[PDB]
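*Asks:* Each chain, letter by letter, is given below.
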Amino acid sequence: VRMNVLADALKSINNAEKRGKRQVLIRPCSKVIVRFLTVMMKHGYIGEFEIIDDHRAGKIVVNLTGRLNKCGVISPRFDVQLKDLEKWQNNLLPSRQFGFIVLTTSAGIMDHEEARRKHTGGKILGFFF
Amino acid sequence: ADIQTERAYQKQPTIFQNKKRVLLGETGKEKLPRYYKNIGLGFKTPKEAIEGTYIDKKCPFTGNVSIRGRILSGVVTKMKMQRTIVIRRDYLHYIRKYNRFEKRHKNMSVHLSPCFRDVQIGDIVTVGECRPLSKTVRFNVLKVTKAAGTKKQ
Amino acid sequence: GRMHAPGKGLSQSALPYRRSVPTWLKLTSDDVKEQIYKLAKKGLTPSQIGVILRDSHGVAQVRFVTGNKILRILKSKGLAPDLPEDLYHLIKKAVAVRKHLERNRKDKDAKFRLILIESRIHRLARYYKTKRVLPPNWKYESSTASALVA
Amino acid sequence: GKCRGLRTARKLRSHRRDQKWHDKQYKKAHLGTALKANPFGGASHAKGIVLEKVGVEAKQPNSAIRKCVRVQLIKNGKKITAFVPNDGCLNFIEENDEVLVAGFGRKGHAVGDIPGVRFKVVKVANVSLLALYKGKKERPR
RNA sequence: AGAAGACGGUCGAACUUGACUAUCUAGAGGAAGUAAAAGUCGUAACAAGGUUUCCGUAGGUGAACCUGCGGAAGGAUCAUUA
RNA sequence: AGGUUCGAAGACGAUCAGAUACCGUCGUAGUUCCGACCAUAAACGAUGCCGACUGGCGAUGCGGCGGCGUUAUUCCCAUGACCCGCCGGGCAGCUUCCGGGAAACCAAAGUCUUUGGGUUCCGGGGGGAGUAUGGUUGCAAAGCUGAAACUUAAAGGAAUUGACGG
RNA sequence: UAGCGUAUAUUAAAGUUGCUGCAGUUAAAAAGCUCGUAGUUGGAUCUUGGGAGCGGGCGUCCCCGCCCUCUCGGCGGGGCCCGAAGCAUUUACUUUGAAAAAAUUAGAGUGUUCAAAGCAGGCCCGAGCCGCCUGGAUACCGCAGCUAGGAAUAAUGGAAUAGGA
RNA sequence: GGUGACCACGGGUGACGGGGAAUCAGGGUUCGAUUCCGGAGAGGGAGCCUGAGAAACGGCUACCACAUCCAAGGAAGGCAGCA
Ligand SMILES: [Mg+2]
Ligand SMILES: [Mg+2]
Ligand SMILES: [Mg+2]
Ligand SMILES: [Mg+2]
Ligand SMILES: [Mg+2]
Ligand SMILES: [Mg+2]
Ligand SMILES: [Mg+2]
Ligand SMILES: [Mg+2]
Ligand SMILES: [Mg+2]
Ligand SMILES: [Mg+2]
Ligand SMILES: [Mg+2]
Ligand SMILES: [Mg+2]
Ligand SMILES: [Mg+2]
Ligand SMILES: [Mg+2]
Ligand SMILES: [Mg+2]
Ligand SMILES: [Mg+2]
Ligand SMILES: [Mg+2]
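Protein chains in written order, with the authors' numbering: chain W, 2 to 130; chain L, 2 to 154; chain N, 2 to 151; chain X, 2 to 142.
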């Protein structure tokens with residue numbers, strides 16, 4: 002009934018960012034969510050975040066900065082080769098100057114610039130700009 | 002029950018049974034010698050093939066087939082049709098336009114030697130390619146792996 | 002929502018964060034197991050044993066006291082029920098509806114509800130078959146189910 | 002919505018072809034009823050023999066007599082009606098002449114105020130109709 | 001050493017007959033749809049269209065249609081008072 | 001089985017140029033019950049189901065929790081009637097530059113070129129036509145599945161101004 | 001413009017077939033309603049920061065080396081050493097390596113007099129010069145199969161009547 | 001026994017397959033009888049001889065369909081090779 006926790010997390014982030022809010026509670030937590038948020042936070046689009054440990058799946062309270070436009074997900078995790086990364090960059094990103102595609106590779110969860118740097122492909126998680 | 006259930010005498014062609022059995026031997030117990038071979042590719046000969054008494058001329062260990070070509074795998078679905086079973090091989094077929102997959106399957110009939118005794122539906126078998134053994138059989142069972150079992154009620 | 006109802010109800014138990022046994026509970030693990038054994042020999046289900054132990058003995062969760070769960074304790078003692086209790090109760094309800102329905106043949110609502118109950122029985126039995134709790138040849142037969150239940 | 006699953010290619014492709022049968026052009030091209038019904042049989046032109054000279058009244062609000070001919074094709078000898086376009090070009094065509102006939106522009110659809118006419122005459126017996134109209138050549142007499 | 005020839009077997013064209021199947025085609029008569037309408041008869045619908053309209057079902061009548069039983073508002077009422 | 005009342009068909013009386021109608025009088029089948037068929041409705045919210053997020057407000061129905069007081073038995077604690085709130089699940093309402101939409105409008109019909117949560121059914125200009133034919137279900141009436149030839153340049157939706165309205 | 005018109009098939013236009021990427025209140029379009037098997041999809045959780053020198057600057061960034069196993073090591077028992085065997089699941093995925101005819105396509109070189117082409121050509125001769133230099137590359141070749149690294153994501157497996165290591 | 005809603009079996013194709021061709025954001029939609037590779041056939045079916053190799057057709061035998069010469073007893077045919 003909830004097939005994707007990353008999709009719902011990024012939708013909640015997107016909706017509350019569009020409403021002008023300053024913090025978001027992301028209700029079910031997972032480490033894919035944490036790695037995605039760590040990429041987004043290292044690139045400067047969101048602020049600090051805090052994981053709340055109950056003995057079920059946790060919760061995350063994210064601090065927003067006002068620098069986020071759209072953080073959507075790609076609904077099947079399509080397997081992407083390095084040859085095809087340009088095509089996804091053109092379809093998904095608003096320009097060649099900013100915006101990132103988050104892949105999961107065997108080297109970890111990372112943005113597409115780092116994935117081209119480390120000469121690896123993987124499955125696409127989502128985008129943000 | 003016995004192995005001689007056919008109209009012709011069943012024997013391994015490379016074993017001479019009438020080797021001048023004289024008074025210096027015991028009557029009994031005598032046990033006629035068994036021909037078996039080691040197939041390559043790191044596949045162990047089962048012990049039931051070593052001291053079994055079956056005669057099977059299409060058995061990869063005690064018969065006249067040689068394994069060469071492709072090594073495949075599948076799941077047992079039918080165990081009728083004596084000394085032969087039907088396995089199912091599932092796979093995903095890529096379709097470029099929708100850049101997604103679809104699920105396909107193929108059955109092949111394989112020869113199951115009687116050195117594999119406890120084989121059930123749902124078991125995973127390893128098959129090796131041999132020469133054509135019948136109209137539709139081209140593979141031969143080399144190894145049987147049980148699936149989620151080994152414990153019963 | 003519900004499997005076979007249009008209900009989006011949200012009511013359930015909220016287990017607390019602290020898993021430690023409270024200091025006021027002067028009951029160790031083995032005598033709590035003995036209470037479990039007594040109640041199970043009295044003919045109670047694990048739900049009922051947990052309800053009684055919570056209501057009038059101070060044991061909020063036996064998993065935090067003993068270390069494992071009620072049905073595991075009963076199985077280790079060798080006196081766990083032969084059918085799972087939820088499948089048992091579903092079959093009991095099906096038998097009640099079927100008996101009512103054969104004396105009242107114009108109840109089309111009960112016919113609809115019996116269809117729902119038996120669908121739930123079959124889904125549950127398929128699950129228990131995959132987990133080897135039921136024999137693989139087990140089958141809910143309506144004609145012989147009443148001799149199994151109540 | 003549509004199914005997006007990674008293993009849903011068969012559902013997507015089967016649905017697409019089942020739904021491709023629902024547009025007019027794909028069905029017209031791929032069913033074969035239209036190819037059997039039209040007199041040219043997939044050809045672009047055809048030869049025939051004039052049976053009589055007719056005039057068809059134009060559709061309202063226009064008012065004229067459009068000069069046509071009744072033509073029976075040499076292969077598959079169906080009978081069609083073909084327009085004879087220009088100001089005096091009907092007088093060139095004599096009865097029992099042997100014309101070439103083309104489409105009239107809209108791929109088997111009627112054109113203009115001429116009701117039910119899908120063909121036009123090009124090259125009444127072998128001298129072309131434009132050369133006859135422009136005086137370039139004359140009837141082979 | 002052996003040719004013609006012959007009994008049998010085996011492949012088996014072809015012909016006759018029968019069935020099935022696909023395509024194309026004749027037909028007294030009947031019943032439609034499009035048109036060209038610029039005829040005759042009425043006025044069913046669009047306004048409360050002069051009986052509010054429409055759906056399902058059933059019967060009836062030159063024709064549009066009418067009537068019965070349930071339903072809808074896409075109604076001509078978002079409303080009617082202790 | 002039963003048939004009170006209504007009342008398709010039918011008869012008559014009116015009205016009308018006509019009136020197989022509307023109005024009036026009578027009246028069959030039916031309407032009612034039991035048993036068996038039929039599977040259709042503007043069977044409608046003309047809005048698939050499951051899940052998440054995104055404003056405010058006042059009510060209402062059920063359950064629970066908590067509070068000044070009033071009232072009942074009874075004199076007390078309950079328990080009912082009311083009053084003031086909170087939580088959950090419902091049927092709805094008002095309001096809003098959330099956002100959307102061709103607009104009417106819609107807190108979902110939003111979170112859509114900044115386009116991907118899962119999944120089923122289904123449309124592809126108007127007609128011909130839900131027709132022909134084959135199949136299949138039914139006692140029938142009919143239901144389901146379902147073309148083509150041919151024809152046509154618009155048919156439609158929502159709003160605006162006028163004109164007209166028994 | 002030495003060419004231009006017409007007929008027809010087909011592609012773009014067509015986000016009017018929609019995977020990317022359309023629609024379904026009122027425009028055409030959600031099955032009357034519920035159950036249900038294939039099909040499709042399915043919650044969270046098991047290794048992470050300090051680690052070893054080269055280390056995009058131990059410079060609190062880090063090319064990057066992580067501070068799998070053992071029976072013969074073959075450079076019955078000495079340090080200089082490395083191979084015979086196997087993988088503590090098996091897959092998908094990703095990167096690499098082999099193999100995928102030529103032609104065609106992309107593309108390097110080369111003044112066909114330019115070009116479309118072609119696969120050719122270029123340099124000294126005061127003449128023995130009894131001739132010298134150079135090319136005829138490279139890429140791409142879906143899926144399936146083979147191979148070697150990674151191991152996040154997704155599937156899967158091991159001890160519960162212990163028939164466990 | 002074997003196969004099948006992961007579409008068997010049957011029917012159609014104005015279907016020889018492929019390398020490739022047209023279109024041209026990315027996706028895709030159409031086309032490929034046609035000089036290279038593979039297949040198949042020599043009017044239609046069938047059967048053979050010889051040879052390493054053919055079920056050969058610029059080999060033979062037979063039937064069917066066309067068809068040539070004849071003194072009417074017979075005889076000879078095969079352009080989907082180049083013209
Ligand atoms: Mg959805
Ligand atoms: Mg009316
Ligand atoms: Mg009227
Ligand atoms: Mg009216
Ligand atoms: Mg009356
Ligand atoms: Mg009735
Ligand atoms: Mg249409
Ligand atoms: Mg197109
Ligand atoms: Mg559209
Ligand atoms: Mg509509
Ligand atoms: Mg299912
Ligand atoms: Mg998961
Ligand atoms: Mg052909
Ligand atoms: Mg070809
Ligand atoms: Mg060839
Ligand atoms: Mg041949
Ligand atoms: Mg031949």
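Honestly, the hints are just simulated from the structure, not real lab data.
Heads up, some of the hints might be wrong.
[Claimed, not checked] Capping the alpha-carbon separation at 30 Å, the derived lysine-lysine pairs in BS3-like fashion look like this: (1) X:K3 / W:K124; (2) N:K130 / L:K152; (3) L:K12 / L:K104; (4) N:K100 / N:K34; (5) N:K76 / L:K152; (6) L:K30 / L:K79; (7) L:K58 / W:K71; (8) L:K79 / L:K98; (9) N:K27 / L:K153; (10) L:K104 / X:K3; (11) N:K42 / N:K130; (12) L:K98 / X:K25; (13) N:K130 / L:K153; (14) N:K34 / L:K147; (15) L:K98 / L:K48; (16) N:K9 / W:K12.
*Asks:* Indicate, hint by hint, whether the structure satisfies it.
*Replies:* Hints, one by one, checked against the model:
no.: 1; hint: X:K3 / W:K124; in the structure: 22 Å, holds
no.: 2; hint: N:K130 / L:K152; in the structure: 14 Å, holds
no.: 3; hint: L:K12 / L:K104; in the structure: 45 Å, violated
no.: 4; hint: N:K100 / N:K34; in the structure: 39 Å, violated
no.: 5; hint: N:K76 / L:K152; in the structure: 17 Å, holds
no.: 6; hint: L:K30 / L:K79; in the structure: 40 Å, violated
no.: 7; hint: L:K58 / W:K71; in the structure: 69 Å, violated
no.: 8; hint: L:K79 / L:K98; in the structure: 36 Å, violated
no.: 9; hint: N:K27 / L:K153; in the structure: 42 Å, violated
no.: 10; hint: L:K104 / X:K3; in the structure: 19 Å, holds
no.: 11; hint: N:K42 / N:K130; in the structure: 27 Å, holds
no.: 12; hint: L:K98 / X:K25; in the structure: 24 Å, holds
no.: 13; hint: N:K130 / L:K153; in the structure: 13 Å, holds
no.: 14; hint: N:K34 / L:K147; in the structure: 38 Å, violated
no.: 15; hint: L:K98 / L:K48; in the structure: 52 Å, violated
no.: 16; hint: N:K9 / W:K12; in the structure: 22 Å, holds
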